[PDB]
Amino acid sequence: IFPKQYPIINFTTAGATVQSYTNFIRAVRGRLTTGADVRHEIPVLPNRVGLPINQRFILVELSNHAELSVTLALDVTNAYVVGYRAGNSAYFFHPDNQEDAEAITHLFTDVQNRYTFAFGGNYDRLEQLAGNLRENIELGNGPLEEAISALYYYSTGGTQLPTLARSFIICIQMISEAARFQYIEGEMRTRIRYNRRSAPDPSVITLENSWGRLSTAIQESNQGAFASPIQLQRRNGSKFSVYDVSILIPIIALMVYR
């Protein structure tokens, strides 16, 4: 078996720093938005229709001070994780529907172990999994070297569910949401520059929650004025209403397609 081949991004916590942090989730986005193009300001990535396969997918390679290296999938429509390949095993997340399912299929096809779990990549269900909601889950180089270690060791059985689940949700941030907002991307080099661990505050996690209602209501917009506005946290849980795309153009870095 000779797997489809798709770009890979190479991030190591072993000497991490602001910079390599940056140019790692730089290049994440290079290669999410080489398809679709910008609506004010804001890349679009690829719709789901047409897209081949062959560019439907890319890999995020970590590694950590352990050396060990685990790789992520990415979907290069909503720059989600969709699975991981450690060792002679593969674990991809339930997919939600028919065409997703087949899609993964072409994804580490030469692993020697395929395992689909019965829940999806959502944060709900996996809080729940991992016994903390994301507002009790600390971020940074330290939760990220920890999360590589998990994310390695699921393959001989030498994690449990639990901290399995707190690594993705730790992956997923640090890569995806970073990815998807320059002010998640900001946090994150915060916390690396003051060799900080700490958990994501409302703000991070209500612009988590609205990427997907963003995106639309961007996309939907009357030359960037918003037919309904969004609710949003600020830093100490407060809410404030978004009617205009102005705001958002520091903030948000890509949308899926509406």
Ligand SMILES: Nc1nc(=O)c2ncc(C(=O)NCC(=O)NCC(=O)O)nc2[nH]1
Given for the second form:
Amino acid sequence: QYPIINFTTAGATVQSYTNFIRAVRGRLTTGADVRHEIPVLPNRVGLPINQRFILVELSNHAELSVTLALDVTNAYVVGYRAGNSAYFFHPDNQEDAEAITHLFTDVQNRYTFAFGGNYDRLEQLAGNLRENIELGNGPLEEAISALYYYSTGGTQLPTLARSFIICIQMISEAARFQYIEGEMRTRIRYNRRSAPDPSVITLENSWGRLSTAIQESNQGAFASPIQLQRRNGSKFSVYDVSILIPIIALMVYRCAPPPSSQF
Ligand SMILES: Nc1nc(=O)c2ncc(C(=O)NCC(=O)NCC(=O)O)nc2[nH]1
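The form solved without this ligand done, now the form solved in complex with this ligand:
Starting with the chain above, the whole complex follows.
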């Protein structure tokens, strides 16, 4: 019943990847909520369970496939299926726990990790930070195999977590930020994997605050500037939503949009 978007790393190109990310964004947002030309994800409050998740089916050159479940309210990867087993991150709360029971209902083995799925926790388990984990088509091809072999003991916990960190950034973060999609395009185009630089990391870390700053802005102007980093790690101040239009594709829902007057 939940929509499925397919992607394969086998023979992937900039175009096939772009088609994928565009389709993901299309299933995450409804078009009911756009502010400053930037789409907002569905409000969690009052969202019917039948509209809560989307599924991303990943296949690779090794002919393996796994299916990620994303929460439409935040684009968060909440768990995955590989064959006869499903694995879910430790839910943040009771309502989320009930919600995930609606996923992969006929899977014969259901597990809930004892740990959550945030970067901080995954980086601890992986023994590596995002800044030291290479991204690109190769890493994603490898991540898909790693997730597929987890149930049989073939994949060590550190490698599982590393693989999650790769999937989340190449799918969820790419969907959230055209900038990050663009970074992954580059790596795919030249088939050259590489770790995310500070421009990627700071955007990832700031998504929630950027969403709030935009939605709370006065006609687009931030009350308090947000500091990001450029590629070389130097500071870049954001004062206004305008500079983010080419950069951020989707925001998390924070406030209802105030009334909009025409002077
Ligand atoms: N599983 C998972 N899916 C995601 O899309 C995701 N996307 C982002 C993060 C993440 O830690 N972001 C930074 C952070 O501090 N998050 C918590 C917050 O500030 O609200 N973690 C994720 N984990």
